[PDB]
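First, one chain by itself in structure tokens, the form deposited without its partner chain.
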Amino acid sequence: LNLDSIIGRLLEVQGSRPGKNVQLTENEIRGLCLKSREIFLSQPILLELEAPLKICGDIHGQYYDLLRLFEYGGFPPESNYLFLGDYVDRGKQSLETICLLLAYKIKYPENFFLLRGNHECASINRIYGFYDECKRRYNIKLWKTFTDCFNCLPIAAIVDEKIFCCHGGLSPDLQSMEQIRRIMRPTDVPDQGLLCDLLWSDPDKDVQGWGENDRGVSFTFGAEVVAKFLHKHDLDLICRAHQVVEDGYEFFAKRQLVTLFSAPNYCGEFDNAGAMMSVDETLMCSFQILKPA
């Protein structure tokens, strides 16, 4: 596995007009999946990380916006990174996006971290773009290889015992952190339960307790659910993604929860910005932003 040649070819399109492809070989991508799969399984499903680090939200195959994020925050390993999921679907270059993230995960396994989003489930990315991109530019056998790799991704992370990070949000079945550590890998994403909620649920300011979710799966939760959860587990903040927001970041429940979305001009329809959160040594949060077109 010529990791440096793979990374060099991926960063080579820096400065080009967005849309230009990086077509790695079939065997190189297969090696990225298998090797990163081993590292995911060797590390806990509930990561315990330390600040300072940068946290990014949804990317959704917007590869040149991912390159802009590294230009703003520093290419690895100049800064520690935690991504919250949703690397494929919706966008035009899911392949370049996930390949660079897997390559960086292999080269810097203890300074680069990737969480699982709801689009890292096979039933979702079969419909919303990644399957068609794999079938067109490679083959469906490689798509299954990606799927086997996604099945081993960690699902949550706690930064310095104070910031709880996951893709979606909280769960009515989440009573102990040990419930997350007991989840065995590899695994598919069920249509209900704790693992489903951590990848699907959303906060809602017009809901008391647990409500229904407009996505057709999981639940919504209100501000008091967040406050009680933080107090019970001695936490300061819940950091999640999952929802496109106009400013790229959006606080909730008196700045006790923050939503991160790192894909500006989301799939050509929205005029949103993309945000990346910077956590310093004292856990103070600031933002670097890709402003909309």
Second form
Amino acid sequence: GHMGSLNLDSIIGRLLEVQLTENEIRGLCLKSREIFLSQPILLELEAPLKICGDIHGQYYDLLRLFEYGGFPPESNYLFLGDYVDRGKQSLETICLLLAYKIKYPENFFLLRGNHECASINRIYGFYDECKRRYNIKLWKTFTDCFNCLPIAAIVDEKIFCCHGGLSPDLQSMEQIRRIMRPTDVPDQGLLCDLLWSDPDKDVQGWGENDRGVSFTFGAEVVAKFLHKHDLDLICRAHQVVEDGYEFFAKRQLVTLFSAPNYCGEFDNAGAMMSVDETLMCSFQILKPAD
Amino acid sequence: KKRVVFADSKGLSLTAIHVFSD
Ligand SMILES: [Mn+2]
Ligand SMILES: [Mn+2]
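Can you give me the structure for the form solved in complex with its partner chain, which would complement the form deposited without its partner chain we have just seen?
Every chain and every other molecule in the complex is listed next, the one we just looked at coming first.
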């Protein structure tokens, strides 16, 4: 109560008209941080749900995503990370997402991407944006909030969701639950892999990832993971795909990426996956016109 | 106990495409 109260409807209304004070954004970080810490690091969710991939500060595309998927609380949402960096409006993006998290804490969920770590967003845009528009102290407050984000989700005991992918260290879900917060993302280990690894159609088993961190994993790794944990699908993000979604290993894994025409280097669509109450899945594809 | 099913395996559209003005 030491910073006073936010007027969250005012903040949301101003964000959708696309001008927050430093204390407003700080309040968004601190209150959402408390909510993240009150919920498990491995979320256990129920459908119906809309699942979204990377945003990377493309705020107008986020607004399009809500327009076509339904603004909260009309739909429930799970985002898979990478809200900031590269795009021009990381601040508006993460502020709107944190506002919805504060207002709908049981119907709106944000996972950690590899860019929700100071070691990464120091370099790829967010630090510079905070410093230009506000100050470094605000960026550090964001870091404190990011360090408490959940790292994976299981929807109805059948869909395993994370930003990056599998880990040769992941033997039990309890290993995920035992990760203590706040934490940064180290450059090796379970947490790293969940935020950084990729599927690869050419690899047999595990390979070294070209990013210089983590791993690649092949189709039999996916099949054995689903088998061992009695799951049906892995849903992850992290890699741009041409249609906004892309299947791997006979639809046992899907990659979602929600930023169209990604950072001006690609001509991709963005997509979100709609999961109804029976776990029937379909995709909504966002294509900007030329 | 629920099972993941993709909509085109049930004779429905797998995708909807929203083309928007940039
Ligand atoms: Mn990424
Ligand atoms: Mn990523």
